[PDB]
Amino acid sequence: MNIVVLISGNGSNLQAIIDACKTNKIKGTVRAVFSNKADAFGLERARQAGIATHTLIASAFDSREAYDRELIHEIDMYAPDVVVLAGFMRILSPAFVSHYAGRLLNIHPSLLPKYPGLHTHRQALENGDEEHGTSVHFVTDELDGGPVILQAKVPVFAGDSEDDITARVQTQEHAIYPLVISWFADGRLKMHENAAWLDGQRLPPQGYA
């Protein structure tokens, strides 16, 4: 099974996917890593692991719809079974999402539906929430609002800075994202429009395993 992952930055979630694949905890392999950022450190992590690297700068493209068609064109050389967003900072257009319908996955750092945009850790901190988290979901047109597959909650404390909530949440991501990609790789996980289905069971809105 061919996985390609899209990144915009450090690549710590990418690294976890590579390591799980390597130890066959995921029955499948990362064929290519795409970045929209030429300085993304995740590309050096891909490179050291011997995966194909591709940077595709949108300055160059004149239109959203246009950038996304070159990106579809290049991804499909690797013939992906699943494409996974892991830190990719761009809204994907209806066409992209329509093309990878059912096999497009993302990790969002909030307990969805709660903070469906950017700055979610700072929102948790400023609203004085007890509990923060992370959510793995199927990507849909609706920004950060496709069916949730698995969340992991985290405590937010008191003398807690954004960096502390951030690193605590990232720890959970590194454990639950390889795990839902292996349920996908084993044929367990499916979307049947707007619903996520694990082992034939329609999952509830907040996910769960």
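Positions refer to the first chain, counted from 1. The term rigid core refers to the most C-alpha atoms you can superpose between the two forms while keeping them within 1.5 Å. First, how it differs from the form deposited in another entry.
The only C-alpha among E44, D141, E70, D160 that moves by 2 Å or more between these two forms, given a superposition on the rigid core, is that of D160. Annotation: Cα of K114 displaced by at least 2 Å between these two forms, core superposition.
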Second form
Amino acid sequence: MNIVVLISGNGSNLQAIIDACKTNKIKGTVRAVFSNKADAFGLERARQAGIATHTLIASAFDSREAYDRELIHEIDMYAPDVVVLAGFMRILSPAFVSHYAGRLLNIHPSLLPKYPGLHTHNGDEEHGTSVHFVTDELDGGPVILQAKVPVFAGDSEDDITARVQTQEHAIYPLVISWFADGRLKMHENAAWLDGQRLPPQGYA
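And the form deposited in another entry, for comparison with the form deposited in one PDB entry?
If you are looking for partners or other molecules, they are not here, because only the chain is given.
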């Protein structure tokens, strides 16, 4: 099945997805990669894997709606069964969200609200990452899987972040594979795995 990934940066998560499609762990094909930043290194990961790229920059458009109308237009050329946001830094409008309702995924490095992340100030606790269906509740549509990342004394911000990214790379291919195998659906602003409704914090 066809996966279209949207990025804005480095693309380490895109790459974990491409490799999981290479080793047949996801039953799918990344057909196109989309960026809102022209220098994004994720476009070079796509080029080397021979995947078609498109970059849509906001200044080039007249209105937010205009941008999303074209973004929809270009994504649909690849007949997506999922559209995966992997570090996509733009908010998607109501028309975009409803257009891909139930097959629009996102990963945020947080669990459900408190998380010692940033490093703008090792440590205590609360740190992680969750993959969730994207809804109009910005950053807060239904969670599918989360992963708590253990903090330790001898940890730096780069230690924590790298550890979070290592968990992002494990869970996002897992979720997209359950989606590709027909086991994950959204309805009633709830995530469903094998017909069972997931609790607010995902599986398990």
